[PDB]
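Student: Read off the chains here:
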Amino acid sequence: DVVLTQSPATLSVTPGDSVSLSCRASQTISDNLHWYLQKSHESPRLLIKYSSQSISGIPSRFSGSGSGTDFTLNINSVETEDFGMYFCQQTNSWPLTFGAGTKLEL
Amino acid sequence: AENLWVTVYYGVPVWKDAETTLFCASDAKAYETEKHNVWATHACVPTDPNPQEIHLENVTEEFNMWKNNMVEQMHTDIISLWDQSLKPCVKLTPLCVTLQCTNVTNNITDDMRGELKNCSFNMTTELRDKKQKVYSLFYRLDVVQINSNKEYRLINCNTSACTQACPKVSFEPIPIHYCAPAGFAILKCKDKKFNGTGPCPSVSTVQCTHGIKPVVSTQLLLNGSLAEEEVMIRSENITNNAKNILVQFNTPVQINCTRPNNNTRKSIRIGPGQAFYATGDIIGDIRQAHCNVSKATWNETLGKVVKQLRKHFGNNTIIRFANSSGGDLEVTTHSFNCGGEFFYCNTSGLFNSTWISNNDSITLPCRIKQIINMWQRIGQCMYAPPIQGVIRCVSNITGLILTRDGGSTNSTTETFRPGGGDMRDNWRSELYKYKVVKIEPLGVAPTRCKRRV
Amino acid sequence: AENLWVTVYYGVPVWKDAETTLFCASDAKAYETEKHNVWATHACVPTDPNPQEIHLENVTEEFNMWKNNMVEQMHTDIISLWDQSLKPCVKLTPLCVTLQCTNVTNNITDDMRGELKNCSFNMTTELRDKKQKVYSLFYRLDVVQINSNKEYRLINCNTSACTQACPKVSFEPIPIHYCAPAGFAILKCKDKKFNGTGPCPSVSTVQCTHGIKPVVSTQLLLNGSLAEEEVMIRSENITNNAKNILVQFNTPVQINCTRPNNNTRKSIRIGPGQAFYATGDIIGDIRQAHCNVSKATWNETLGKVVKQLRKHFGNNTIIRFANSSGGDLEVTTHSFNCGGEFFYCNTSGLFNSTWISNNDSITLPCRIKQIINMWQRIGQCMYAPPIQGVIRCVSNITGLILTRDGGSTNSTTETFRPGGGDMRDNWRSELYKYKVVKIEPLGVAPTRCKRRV
Amino acid sequence: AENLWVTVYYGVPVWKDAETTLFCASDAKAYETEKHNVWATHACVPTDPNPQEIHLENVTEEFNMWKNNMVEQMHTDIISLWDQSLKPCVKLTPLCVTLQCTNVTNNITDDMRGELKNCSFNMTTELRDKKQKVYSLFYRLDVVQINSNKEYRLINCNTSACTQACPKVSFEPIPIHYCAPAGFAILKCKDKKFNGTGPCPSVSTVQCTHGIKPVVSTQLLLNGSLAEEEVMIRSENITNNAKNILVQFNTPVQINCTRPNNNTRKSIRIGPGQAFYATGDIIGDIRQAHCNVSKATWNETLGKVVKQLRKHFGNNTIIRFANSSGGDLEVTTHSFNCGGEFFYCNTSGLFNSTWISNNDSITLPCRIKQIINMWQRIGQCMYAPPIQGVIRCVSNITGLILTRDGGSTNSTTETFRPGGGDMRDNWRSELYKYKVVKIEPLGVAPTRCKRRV
Amino acid sequence: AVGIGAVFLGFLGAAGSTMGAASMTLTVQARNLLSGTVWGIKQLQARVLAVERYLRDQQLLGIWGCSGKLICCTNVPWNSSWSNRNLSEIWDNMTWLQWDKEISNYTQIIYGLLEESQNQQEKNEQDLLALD
Amino acid sequence: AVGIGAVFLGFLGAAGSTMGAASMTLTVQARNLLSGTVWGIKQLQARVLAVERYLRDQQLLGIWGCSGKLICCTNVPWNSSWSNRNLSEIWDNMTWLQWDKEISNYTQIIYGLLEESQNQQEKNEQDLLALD
Amino acid sequence: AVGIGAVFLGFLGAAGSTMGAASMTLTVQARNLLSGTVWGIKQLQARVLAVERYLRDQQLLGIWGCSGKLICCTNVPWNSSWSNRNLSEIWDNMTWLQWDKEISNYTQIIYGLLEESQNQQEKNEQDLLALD
Amino acid sequence: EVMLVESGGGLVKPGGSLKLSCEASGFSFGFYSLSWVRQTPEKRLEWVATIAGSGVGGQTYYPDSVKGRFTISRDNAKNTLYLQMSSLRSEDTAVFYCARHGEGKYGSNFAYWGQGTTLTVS
Ligand SMILES: *[C@@H]1O[C@H](CO)[C@@H](O[C@@H]2O[C@H](CO)[C@@H](O[C@@H]3O[C@H](CO)[C@@H](O)[C@H](O)[C@@H]3O)[C@H](O)[C@H]2NC(C)=O)[C@H](O)[C@H]1NC(C)=O
Ligand SMILES: *[C@@H]1O[C@H](CO)[C@@H](O)[C@H](O)[C@H]1NC(C)=O
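Protein chains in written order, with PDB author numbering: chain L, 1 to 106; chain E, 31 to 141, 150 to 185, 187 to 309, 312 to 321, 321A, 322 to 398, 411 to 505; chain G, 31 to 141, 150 to 185, 187 to 309, 312 to 321, 321A, 322 to 398, 411 to 505; chain P, 31 to 141, 150 to 185, 187 to 309, 312 to 321, 321A, 322 to 398, 411 to 505; chain D, 512 to 547, 569 to 664; chain B, 512 to 547, 569 to 664; chain O, 512 to 547, 569 to 664; chain H, 1 to 52, 52A to 52C, 53 to 82, 82A to 82C, 83 to 100, 100A to 100D, 101 to 112.
Treat the hints with care, as some may be off.
What the hints assert, rightly or not - Listed next, the in silico SDA-like pairs over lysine to any residue satisfying Cα-Cα at most 20 angstroms (straight line): (1) G:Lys305 x G:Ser209; (2) E:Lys344 x E:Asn283; (3) H:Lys64 x L:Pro95; (4) P:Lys117 x G:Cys119; (5) E:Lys252 x E:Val75; (6) G:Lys121 x E:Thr163; (7) P:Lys207 x E:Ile430; (8) G:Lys46 x B:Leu629.
Stated by the list, open to error - Pair ranges (Cβ atoms, derived): (9) B:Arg588 x H:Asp72: 55 to 61 angstroms; (10) E:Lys168 x O:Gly572: 41 to 47 angstroms; (11) E:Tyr61 x G:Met150: 54 to 60 angstroms; (12) P:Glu62 x E:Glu275: 28 to 34 angstroms; (13) B:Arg588 x P:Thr499: 36 to 42 angstroms; (14) G:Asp47 x B:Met535: 26 to 32 angstroms.
Honestly, the hints are just simulated from the structure, not real lab data.
In this text, a Cβ means the ideal position worked out from N, Cα and C, and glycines have one as well.
Next up, chain L with everything else stripped away, as it sits in the complex:
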């Protein structure tokens, strides 16, 4: 199975700074990588699809990059509403697997 390793597991940052979240796959998932934010008490919401293409309704401060096994989610001026649990996801192979998430705290 593809193992997705998200780094860091938890991170506290002050609003307004920028962050880079890492997701590493146990096999190549070259463009198979999506990002979701799940805030507390809510269902998850798709942020970025297939590594880098932005999604209507997701703020422009969210950017994605990476190819192969190493992927990065940049948040380039973090807002108060952005804090929560962050998941990566691969569609390269069954079974579907998630990264462990980066929990962003204020």
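Since chain L is already given, all that's left is putting chains E, G, P, D, B, O and H with the ligands on it; use the hints.
Tutor: Just chains E, G, P, D, B, O and H with the ligands, lined up with the frame of chain L:
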């Protein structure tokens, strides 16, 4: 910063190699002569002034003249408008009649041979009832023996009934400006040192080519596009024996071909409005048609081309020439046109030398043939009519078409031999500067801007 | 304020003069007659209903009909489909045999001459071996004497073997609506007083012209486009002697031309599927074909046009007429078509008067010719076949084609003379209302607005 | 609320019935055979792989195959390129000579009659003066009697001189995929139970039709498009007597037509470059060309179609068959092509039974004709040249063309009669699934939104 | 890469469906509108008929306010003399071919209304730009 | 009643009218600009001259800022060396055909000015978009 | 004076120049793309190939967000697997034929990315416009 | 708009069975592939089942840990998704989400998520 975004760019200069249909541009000065006194003066397009020859600085381009296109299309349509200009004119089917031919009245020496046969025959008049008995004069390259008595016939009436050549048209070459259609450019190599292939580091873009003269010579290219500084030789793989060596030299060698018989014409009426022009009496003396070149000029040019040939075959190489060992009459001869009549010469006083690495004229005895099978198609001919008076022309020998000798030994000599072969190779001496590209806009490049909403 | 800015306007009414290829619009009701009983009834386009003839109020436009185009394309394509309607028909080459002709059986008076010759000859049958001996009848205007005995030949047998005409097709005129393509308008001058040149202050835009009948008459224009109120004369320089006077008069003069011979046909088979229709027996009497006009109408119309000519040549000018002093049979005569046969009349009882400034019928003795060289081309003719029975037609004389007489003295008289000349001048009596413009949108005007960012 | 506003909708699925020009799609595999050994293999377009046959669910459409278009256009252009493949070939005019024919050397029994005549004649050689005396062999369906002695002539020598066929081209059928241009769809009815008219509740949209073989058979349709489950019969009004009953059955019936004469060819020279191929000696024995079918398959298939005919004519109906009571040779016979030669058979051992509602082969004596008057035009034929050796082909009989017998009494029997008639009805057995619609996007619908400013 | 995406048929796929199911995918019929010596003129008169009927609808589309938007509101009201139907039905009951029959008289009245309602808004936009 | 044939003119209807009245209906000259074996090539070579000269004006329109908007302001000022006329007449005194003679020398200067004033404005939008 | 022939080049004038000087004048390559009985069908089959290959690139341009604007930003990012080069060169080092060799493998994946990045923005723009 | 509303969650003894439902609106239901994904009380996300859409092939996918036990189904005529659970285990306790995928090649992602329904097995 690193958020680079795709930005497309329409209308951007890049091109690829392609091939599409080109068209004429006849010069407007040849439009004054009314209604096709030569072929293709009303059929295709009047030209433009000052074609926008614009340099392309800091540009290199991989040219080619052997895998080039647009020399196949020019041969295609020049075949086609040559076939277009003889179909309204009158067909000469009912002449394949059993002739009766004697020698022409002449001092028949055993050294000379009878060049002209008499050939008095029968022919229908314009009335279907009457049949006139007419006589003519005919060359030996037009009659064969029907096998007591002695009766001949025409040579091509087997397998190819063929046309007259209409005296309205004229066989002179007019300039032809090839132009690209919209969306295609024509790259012209401006290099003063440029063989066949290879990157030409100084190109220029035009829309219409310079005035190309369509001539018909098999060996000994004529009347066109002299070279710049040296004598450049150019071929495909020079260690092959099946690829011709199109020599194109820089200074012209002036030729003086003539035919001193008077050759009075006359008109026999075949039927309704179908004239046939036959040579009647010949006034004066029966003399042989010849050509002249200056030996001092020709020997200097072979002294040049034996120097430039050693640039590819090394020094101490004993280069000699010979006279195209065998073949048909249209490959063993210098086949050309002069004033409307078709000379077949004998290049064997020219191509006869040997070269080691350390006022008078040469006369070439030519001979004339009246039916014509140019490009050697299966079911076509062209009865060229006789022409009045003494005929004389002056032309510039511009390029040779040599051919190597397929040795298989460790010799030094290389007995070069001339040879025409395909008629396209003539036009590759004119269409080596030009290639045709296809403008392909709508490129794409990344920059730091995003389509705002 | 003074910062005026460019504002473009797409789709804006302005036009420029141009010239492009127009096409037919045949009426759909004439589509019931199946598969080209006349030329161009299946070939070109079915028309439209109710063409939007719409006025252009407060519009003046400088028309012209002498340097006008669209009388050259209509003459061009009517030539072309006339040659298109002769390519299916059978070529009549093998009829050029030495004839043998006597007088037709008739009461030969010394005053009259034999108009029709007998001409019994030999002709090949459909078998290539046999040759039948057939006889016919022929007019004297189609045979000439080859020079006891009396043997003729065809007049066109010299220089032009030409086809028969298939009796399926018909030479009747059908209306033709010329239509402009997309992007081009057709201006129609609605002025009821409009000579050749000059600004027409009441124009209207159409898309298809009214039904033009293509007829072929040299003098005495027929069957088309009568004038509105007066009798209008119109020319080029009226003080020129080389410019024709296209008279177009207002009320029609009815002509009732006929041919009272019965003229039985018969079919000789030339070969495989090539019939040839020759006139056989003549039933009845041999009487001359004539035409009639009413003297009260014709003299009244010349009374009108001699008043309107004094508007251009002053008063007290003794205008007289004459009968086209010389020329060929096709310019000295009123040459026309009637039911498929080609009458050549003799307008010399008509154009014979003199005019000072203070129940019976006129008979025109016609004569019939079977080969036809309409438009006077060099290497064509047209064997019109005979037609059964008495032939009779009724047409409206609408306009004349006069020509003044080029005096160089201080006289008063102006002896006008008829003359056909170019066939385009007939169609300039039909195509003077129409000019073709090119719609040129995207105009430009300054106003005070700027494209904000 | 009620303030509804117009909102246009581009790209919306609706169509109306129309008719425009369709084109080929030749298969790319047939491009290997060089330079038109069959007609239309280089002229029109190489096809595409996997045409997107996509279903249109919940769609019913009122089809028709009798008032259908696009099966008349295919007949139009197949006529035209049949004339295109005969314009290069040599016209055969000078063969119309009075023959002299005896019986061929064979055991002439009084019961049998001489099928092949000798017919030694005269013919021009390539020289216009001499005339050789040559002989040939000819079928009885190609000679008629000129009426001691016995001299014939060609049958088509009356009224239609017609060309030979060049042995380069071939009359074999290749598949043809008709394709619509851009903006037009082709609806294909996928219903396994579908007569002529009626809503087809299972349609599908294609862009190119399946490979249609243009064959020419009058009766006994060959080599194409078997039915799905049953034997489907389909017509117009089945209570009409002038409309054919195009039976199309489900399992194929294999036919094995042959011709076992050796039939050596030879070349006679007509003139300049005009060869003519005539059959010389015949090697072996003179036996008749025939066709065979298996009685167990054929009688079972007529047992099927006599079941399906009672679905339209009720039960207890004594259906019988007969053999096309009268007519010409091209309607009374099974007229087809096989390997380049044109068989006219005699279907009278096939269509001869009677049916009440309660290993060996049948041999059909065929007969061969060399001149060919396909589509029964007035002035054309086509001399097919002979071919070497024994001729053999294998085909699938797929559908019949029956015709009822127009009774007017209260009988029970229905004597069906075969009849070919127009060849379009063959292709209506191929173009009944396909109709052609015209896509009209850019619809318009009201909803509650307004274009904000 | 697992291939789980949703596909919506292809050409003329929803041609019988209701308006609420036909307006999700109009682009699939949109993009297959340009790409896909006597039998060349059957190629020529098929090509210049395809590019002609593409340019006429792209011009009638072009001269309204809708450059390439392919679905666009406008400002003209819906006169009930045209359709007189309820709104709540004609987006989920009927289908497009009954609409094209149900309206085909009233076209060329609507297209003239759309052109004048665009050109009036066009010159009123110019009059807005002219004052400032 | 409502709806009369008086003010509803036809093709080239206001061709003599003033510019302020010619610009009310420009679409009527716009839509009849595209739609409307040897006499078939006169249909072909009339059609492919009509669609070529239609595309040339849609291309000359296309490379300015005016895709299909049919009325558009621009940024180059109006140099009085071109026309030197007052503004208050030239929307209700003169007419368009008098304008086409009055300006025809100065075209291809304006058409050359429009392309540079568009591509300069184009790169200035890009320089505005690049910084943000 | 004002107006010289040095910097005012012609067709394919900057064909060897850098990207920063070739993107200055794109219109010169734009305008020479449409304008400029058997030798008329070689004109016909050259004309309907010119207008066909003009409409195909104007259609591939049309279905992105760039109708006729000829220079346009988009929203798709630049994956460094395509070129991996720095930006400060690719406006002054290479020439266009060097870019087109440097990228020619990666076209038709990018052309598929732009259509989906446009049509996703199209329906998400429509879902934004429908709610308001 | 797109609506996904799950129901049927509850407290189940181990070894038991339970049918979940997801009611969808705002899109052409049958064309889209649909899935159930669960989120454990420790917040880990676990894919549970997928059923492909009508134009996707309509097959079902399950991880090995549930095969033979879990069944995903759809009733396209009523735009409802079902999840049939049998032989339930305490480890199945989670919030179960219904999810709708995207379109085309780049549509294997989860495009829409439901609110979730809680399953407690004890
Ligand atoms: C179609 O079927 C018919 C019916 O069988 C065939 O006619 C038969 O053809 C065979 C072979 O040509 C003949 O057989 C011959 O038999 C003699 C006697 O033994 C033998 O000496 C020969 O060598 C030959 O095999 C048979 O006589 C003949 N039927 C009759 C009644 O004469 C026909 O040939 C079949 N067509 C094809 C194309 O196969
Ligand atoms: C005739 O046969 C058909 C075929 O099944 C049957 O339905 C029908 O009842 C039969 N008619 C009679 C009178 O038996």
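Student: All hints are to be evaluated individually against the structure, with a verdict given for each.
Tutor: Evaluated hints:
1. G:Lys305 x G:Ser209: Satisfied, since the Cα-Cα distance of roughly 19 angstroms is no more than 20 angstroms.
2. E:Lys344 x E:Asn283: Between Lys344 (chain E) and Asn283 (chain E) the Cα gap is close to 19 angstroms, so the pair holds against 20 angstroms.
3. H:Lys64 x L:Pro95: Cα-Cα ~12 angstroms, so holds.
4. P:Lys117 x G:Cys119: 17 angstroms, holds
5. E:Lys252 x E:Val75: 16 angstroms, holds
6. G:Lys121 x E:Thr163: 19 angstroms, holds
7. P:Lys207 x E:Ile430: Within the cut-off at roughly 15 angstroms; holds.
8. G:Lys46 x B:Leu629: Roughly 9 angstroms separates the two Cα atoms, so the pair holds.
9. B:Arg588 x H:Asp72: 55 to 61 angstroms: 58 angstroms, holds
10. E:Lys168 x O:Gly572: 41 to 47 angstroms: Between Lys168 (chain E) and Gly572 (chain O), where Cβ atoms are some 45 angstroms apart, the hint holds.
11. E:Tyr61 x G:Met150: 54 to 60 angstroms: 55 angstroms, holds
12. P:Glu62 x E:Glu275: 28 to 34 angstroms: Given about 29 angstroms between the Cβ atoms, the range holds.
13. B:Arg588 x P:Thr499: 36 to 42 angstroms: With Cβ atoms ~38 angstroms apart, the hint holds.
14. G:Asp47 x B:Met535: 26 to 32 angstroms: 27 angstroms, holds
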